[PDB]
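Just the one chain here, laid out as structure tokens, in the form solved without ligand 2GP.
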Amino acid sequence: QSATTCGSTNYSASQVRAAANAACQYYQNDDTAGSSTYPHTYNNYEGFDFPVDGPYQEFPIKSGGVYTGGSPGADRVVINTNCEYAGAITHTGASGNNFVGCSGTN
């Protein structure tokens, strides 16, 4: 990854990488962060043009640190089953329960 803006929230390349790595670690361990269902399957029903092939996993990304449970916020990182980074999406600026891309994900 690169630095990305989700809504108006800015994340550095390192922050994206950290979230992605955590996502991978949980997925490969067949575990979830706390009582949450993250990471879990991500269905691209909206048609994001990800640079990598699926299937996908989504996991929250937040400014304050790697997600460990609790409220996930509006932002997510998307990785494939090989832990290849697919992109960053957010509920910010989307209607209903949909997502829009963070900068760089279209």
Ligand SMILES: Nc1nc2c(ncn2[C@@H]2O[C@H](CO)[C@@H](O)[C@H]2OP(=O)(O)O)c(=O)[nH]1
Contents of the next structure:
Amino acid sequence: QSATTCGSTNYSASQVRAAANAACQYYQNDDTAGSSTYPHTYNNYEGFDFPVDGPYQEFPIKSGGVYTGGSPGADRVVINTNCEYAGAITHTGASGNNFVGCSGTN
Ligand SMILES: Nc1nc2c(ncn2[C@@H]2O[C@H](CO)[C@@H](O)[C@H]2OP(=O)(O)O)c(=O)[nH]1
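Output block for the form solved in complex with ligand 2GP, input the form solved without ligand 2GP:
Let's see the whole complex now, leading with the same chain.
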């Protein structure tokens, strides 16, 4: 994971790692954060060309710390089931429940 910009939000490489890291941890323990359903399967309905193969899991990323439950916000980190970083996606600039890539994800 590297620095990225989702809509207007700038996430540092450390912030992306921490989120990616958390998603992995929970995926591994067959856990979810708080009372949410994250991390959960990310189907890739949008056809992003991730640098790693799937299956994938999505997890929120946000400023101010690692997601713990509640509103996930617009941003997400995507990892595969091998805990390999796939990319960052966002609802910002998208329509409906669609996602668009954050900088570096296409
Ligand atoms: N748009 C979209 N939704 C997905 C995908 N994979 C799973 N979903 C989920 O299917 C619904 C459509 O947006 C939501 O519940 C969404 O999860 P999240 O809202 O947790 O991101 C995907 O690749 N794209």
